[PDB]
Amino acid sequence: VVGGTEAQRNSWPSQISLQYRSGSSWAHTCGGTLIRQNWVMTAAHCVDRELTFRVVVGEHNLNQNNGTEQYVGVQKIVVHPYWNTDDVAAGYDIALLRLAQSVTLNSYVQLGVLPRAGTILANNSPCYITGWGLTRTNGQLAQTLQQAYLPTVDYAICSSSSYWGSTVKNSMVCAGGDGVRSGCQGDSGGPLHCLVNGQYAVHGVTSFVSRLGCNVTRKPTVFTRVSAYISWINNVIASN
């Protein structure tokens, strides 16, 4: 997250770190949201690679023991059937991971609350992106979980020529684009939390930013719109 601030350690208890085995150690690769005790929602493009993955819940600092982490292997990966790795702009950038064990809930580990199906945020709605991604374009991952305030940019605007044009679809949410704050590599698959009727819900799964850099004016960060996939998510979980 570029232009972010350190999160309080109990602010976003549904945030997870998806990590992959790198030699004798593990490395953060993207984010995700805990949606059942044994299911995680992330971006399809995060699990394109044939790696060994684990999920870490209750994580705050990637490089220090927090005393709150639970580490659980990934048992099954279900990517959206329409996903196409070389066409991120076509959408369907979403995947569900079934965990090897069910995690225990506490003040650091809670299920993410999903929006009702079909819900679309009005222009300029207050949202936070969270994650451990790069803190500057071509920079390095954050140590501690970061959060940035990113107001939504509605489809009519985001799909105009000076923003994203045709690349953005109705199945996506855009947020930010002020040129100071944004998502960045390592944030993919992580949540966009939006305050609706007094309750934060996860409205987006971070999907892409501009190749021209993370925080670019009028290239808001693009998220998969979770409310477009409520039935898909239910169907996968019900059949696994």
Second form
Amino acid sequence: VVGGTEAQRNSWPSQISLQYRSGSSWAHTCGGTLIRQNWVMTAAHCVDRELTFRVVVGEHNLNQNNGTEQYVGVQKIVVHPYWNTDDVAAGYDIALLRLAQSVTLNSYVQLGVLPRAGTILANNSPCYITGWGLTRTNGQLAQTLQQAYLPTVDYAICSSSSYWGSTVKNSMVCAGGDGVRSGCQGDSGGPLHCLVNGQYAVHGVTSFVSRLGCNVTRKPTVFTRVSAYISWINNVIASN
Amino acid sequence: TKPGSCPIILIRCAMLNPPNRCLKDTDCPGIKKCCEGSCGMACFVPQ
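Next block, the form deposited with its partner chain bound, ref. the form solved without its partner chain:
What follows is the whole complex; the chain from before opens it.
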């Protein structure tokens, strides 16, 4: 997250760190949202590789034991059937991971709330992106969970030619593009939290940014619109 | 290595070290172009 602030230790209890086994060590690779005690929602491009994965819940500082964390192996990986590894602009950038075990909920570990199927946010809805991503274009991963205020850019606007034109699909959500705040490498697969009628829900899955940089004026961060996959989500979980 | 050009791709997945599906144009069939995709290297039809 470029231009954010460190989040309060209990601000986003559904935020997970997806990590891969790197030699003997583990490497933070992407964000995710805890949606069930044994299920996690992420980006397809994060788990579409032959790596050994784990999830960390109640994570705050990636380099220190806070004492609030739980480590869990990944039992099942379910990638959207229409996902094309090559084409992130085609959409369907979403995957569900079945945890090896069910987590214990507490002050720091809580389920993420998804939107009612089809929910569309008006232009400029108040959202927050969270993640351990680069804090600057070509910078270093944050150590502590960061958060930045990133409001919606409705489709009509986002898909206009001064924005993302034909790149952005109606199955995606754009937020930010002020040239100051944005998601950046290592934020992928994490939530976009929006406040709608006094309630927060997870409306986005961080997907992609511009090739010219993370925070580029009129190049908002693009997320997979969760509300478009509720039935897919619903069937996977019900049957896996 | 390759007769033609790779397409410009202006979106990047917001992940570090994305998986490569080729390294050389030769890892690609026919009008084999190993190029920088939206999330790692992939095989494009040139220009």
